[PDB]
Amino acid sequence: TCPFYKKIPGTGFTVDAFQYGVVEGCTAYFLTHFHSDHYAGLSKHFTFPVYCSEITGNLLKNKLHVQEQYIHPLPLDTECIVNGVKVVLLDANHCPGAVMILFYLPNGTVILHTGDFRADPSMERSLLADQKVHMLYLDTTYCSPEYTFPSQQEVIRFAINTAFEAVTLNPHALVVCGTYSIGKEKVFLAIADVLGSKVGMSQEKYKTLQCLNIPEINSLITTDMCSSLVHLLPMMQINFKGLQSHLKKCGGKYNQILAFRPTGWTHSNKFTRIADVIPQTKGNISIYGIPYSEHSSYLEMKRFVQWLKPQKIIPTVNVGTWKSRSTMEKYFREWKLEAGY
């Protein structure tokens, strides 16, 4: 049974609700982005209308085999009528194809569903500037003040400078980057660009990247591993055993691995500056965990909500425990008393 925080009142609509069977009264299923916890349940046998971005619809058709007649892609930043209700899709600053959804209800209520997002001051000059929002369905993944991390630009600077130094010292070093979903493509693309290399990967991952509308992508990626000195591997293989085994497969072309694990937040964030991050090393293998986030920090979340001034907040992450729910509600009330709405 579909939880209440996935249902849009006064409509036939649900958001990210594909694992509950046929939801009673649902006439259109929205999908915010192509991450498995959100698309869980979709397959080639799905027969109701799915509403999403163009990039999400490419992934549904090629990766999950959803038939074309049920995929309804919408352009961004454009007023659209769906089943009699005005909607807008906005860039969520999450992974490729990820959107927030603005719903203009027939009774005059306006609802914003963030999906998953990384709040940014540029959102204060989107189509959100133009009218009031009554209800906010909020990605609360990092809703606590301990969750700090750097900008994506600082993290990429660290990665590029680290990789360029290592491979210039040793031209026989291989760089490896972990992945297990779409998102965070800038990590491996920025490193390959500084090294003058294409990124090498499996046929399955190449197929996925070919769905993303990234400009000039054919110039940047390849399935020919032998031609590349930046390789992508599954995240599970980013450990000393997995990496030793990969280096064996490269036929004595390389004699050192430098590997990156983009995580979200880890508790090494509460003590250490990005500047000061060091790797774990065993022999000729070194592994860096880098805090590249595609979700809001606490401070970015608080600035967005204090700007928007919603009448009601419905969290969509960390909803399973009473302690989490009570913590989130306390911060919402602080924010509202501080700003005066």
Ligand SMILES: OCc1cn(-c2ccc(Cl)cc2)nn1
Second form
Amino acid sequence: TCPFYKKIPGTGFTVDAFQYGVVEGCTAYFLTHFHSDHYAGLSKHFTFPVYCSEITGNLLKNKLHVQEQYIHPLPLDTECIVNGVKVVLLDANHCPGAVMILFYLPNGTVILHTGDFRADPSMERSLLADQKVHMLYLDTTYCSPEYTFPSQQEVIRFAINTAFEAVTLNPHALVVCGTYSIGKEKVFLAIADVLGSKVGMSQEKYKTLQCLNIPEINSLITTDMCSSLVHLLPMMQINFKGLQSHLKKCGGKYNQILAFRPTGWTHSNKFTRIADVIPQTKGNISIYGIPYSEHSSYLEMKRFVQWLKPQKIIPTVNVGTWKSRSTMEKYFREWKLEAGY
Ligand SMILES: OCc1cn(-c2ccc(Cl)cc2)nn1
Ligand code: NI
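Switch from the form deposited without the named molecule to the form solved in complex with the named molecule and print that structure.
In what comes next, the whole complex appears, and the chain from above leads the way.
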């Protein structure tokens, strides 16, 4: 059964609700972004209207083979009417094509659904600035003060500098980056750019990246592994056994691997700075875990909510335990009182 927090009251709409069969009274299904926990259920046999971004629509058509007649892409930052209701899609600063959705109910209620997002002060000057929001359906992934991490810019500087140093010292070193979904493309693109290389990858991953409208992508990626010194592999293979195996397949072109795993949060953030990060090393293989997040830190989330001043908050992540729910509600009350309501 579909949970209450995926239903938009006073409308026929659901959000990220494709794994529940036919939802009673749902006339339009919104999809915030192409991550599997959110799209789970869609296929070529889906025959209800799906509303999403242009990039998300490209991925639905080409990767899941959803029929074109049921895909309804909408432009960003533009007032659109869907089944008699005004909606706007806003950039979520998550993965490519990820959106937040503003719904303007007929009775005057305004609802923001963040999907998955990384809150940023730039959002304080979108179409959100223009009106009051009554209800906020909030990505609470990291809603606890222990969740601190650096800016994406600081993390990319560390990765570029580390990779450039390693390959300048040893021109026969290979760089490997892990991936298991769209998002965090800057990690591998920025490293390839500083080394003067394209990023080599499987045919399936190249297909996925061709759906994303990234400027000059044909200039940065390839399926020719032999011509590339930055390789993408499945996240599951970023370990000493899997990387040893990959190195054998390169046929003596390389004698060292430097690998990156771009994880969300890892407790070592609590103790140390980005400048202080060190790898795990065995023989001629080193693995760096880097805290590249596409979700709000606690402080980023707090600032966004204190700026927006919603009347009601509905969490969409960590909702399955009473301890988690109680903890989040205590922070929401703190934020409200500190904002002086
Ligand atoms: O779900 C009820 C609710 C609303 N709020 C809230 C928090 C911060 C600000 Cl600034 C305004 C409202 N907290 N809990
Ligand atoms: Ni996501």
